[PDB]
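First, one chain by itself in structure tokens, the form solved without the named molecule.
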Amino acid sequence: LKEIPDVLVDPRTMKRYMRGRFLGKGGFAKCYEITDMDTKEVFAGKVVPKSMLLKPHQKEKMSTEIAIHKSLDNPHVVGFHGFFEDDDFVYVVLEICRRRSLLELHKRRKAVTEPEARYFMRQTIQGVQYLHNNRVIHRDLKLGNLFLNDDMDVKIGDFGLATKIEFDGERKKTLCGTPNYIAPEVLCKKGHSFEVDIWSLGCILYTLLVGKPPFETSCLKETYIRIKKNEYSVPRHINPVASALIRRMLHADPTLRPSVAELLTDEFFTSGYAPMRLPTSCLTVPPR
């Protein structure tokens, strides 16, 4: 095909990026640990081949994603540090996250401790609040999108399904893609806004504490019925305070779901132990 250059350069910034070790792939893009040959600063180079963006429809979807991500600057969102292209590839320079995502933690750990849940959710909700304040809906929040760095800080990434609302009471109807945890109002095409991110956070909190997704089934058609009917059960083993929060976040009526600001101040975060830091050991074992 076309070998990805060992040195990644752009006509604009004129910086030379040394392509390094493989980090993983996503859909059609391959990710490499890239280093600035001048400053010695380390970044994550996302490489998308132009053969994947032949259609002008596909060129737009990425142009929307890049624009949104560019305007973002937050300690709980993956940092955007420029993008460029040659005649073969489009290179997006992102903030490096060496500890994969919360999904890899979930598969390895299953049900995490409650204090861990608090920590992960707090940092994630803080990132979601900033997005909502800047009128950005993620629409595709999942454990695989909650990246982690050497410090075990949560950083929200992948804005491939993110949309920015323009006016006051705008309720979107077009979602060009298949997100993991989707709100019922999206499945019914009834229209959606900010509160689809809250629904997703409900699923995330459920999955962290229980050890399995709230609507997990081998059949895809069966999963959507469960969501539509609002069919889920939080086991009795879960903290009453936590289960209460999950039920409100996963409410069928979008206007009865808590707002982002309401989440931080909920009993769940203020009642029990909430550590400010986590050791990298939490990737494999519970904290002792």
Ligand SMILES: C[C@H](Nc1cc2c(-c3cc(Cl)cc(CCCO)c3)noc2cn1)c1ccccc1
Contents of the next structure:
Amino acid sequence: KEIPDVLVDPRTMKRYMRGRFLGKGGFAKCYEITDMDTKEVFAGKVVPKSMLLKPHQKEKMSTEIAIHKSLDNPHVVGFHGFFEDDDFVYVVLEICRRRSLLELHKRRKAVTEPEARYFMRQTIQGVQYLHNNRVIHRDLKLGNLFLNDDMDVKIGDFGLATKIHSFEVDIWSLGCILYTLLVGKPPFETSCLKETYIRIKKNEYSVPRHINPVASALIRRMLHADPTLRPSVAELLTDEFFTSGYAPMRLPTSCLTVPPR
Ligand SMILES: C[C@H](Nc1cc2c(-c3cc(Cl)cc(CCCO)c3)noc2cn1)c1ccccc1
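Next up, the form deposited with the named molecule bound. The previous block was the form solved without the named molecule.
Below is the entire complex, every chain and molecule, led by the chain shown above.
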């Protein structure tokens, strides 16, 4: 079943031209779409109705949309209306041309401390907005921290997001991201998936000694076994880690491949 070259919706009655392929996720596939009138460029998440043949699965996406729809923040992927024909459900989104922070981590391994400061700040600032509006992401990873042409972090993929474990699980994930960014490998990463779940449950990780004491301290508190002892979102920004060392306000695109100078 072919995805139409042009995508029109009943509501806004605008025409979206399906352009270059961008990636995929599970059953969903993403293409760069262009508004044929305004020429504005968007990322079109295309989901086939055949994957949502079961009404239960058709709820998971309508929840995701209802949460993403309500959102407006310079650090969360912009929502720009959704729609459907008989075959596909189309979600029009903000275009992040520099892929995700995962691609960066893969290409870069362990990034520099100022880079982690910049990347974390912007991510935490987005997570704050979410938490303030009573939204928990629940599925935060480097692949969900997208990047645009100005290297701005934009949180996406609200597939497991909920509205009110609680807010403290998102602090946990952020502790993992900070770990991975500074260390260069995920803290509970193993070949075997079952082993990872054991590592998480037993709280088995170890920050190498090569990492900054102040940085390792923050990580540890973020990854604390007692969810009530993990820091709050507001408490993260003000941590010594962000305020003591050098923190750039901008990052070059070169950061996708090599450390900045
Ligand atoms: C370059 C492009 N840009 C881009 C991609 C998106 C997506 C998206 C949708 C789906 Cl079904 C799958 C993926 C792949 C990643 C696996 O999760 C992303 N939604 O919104 C966007 C805004 N921009 C981009 C490509 C790969 C990773 C990341 C960003």
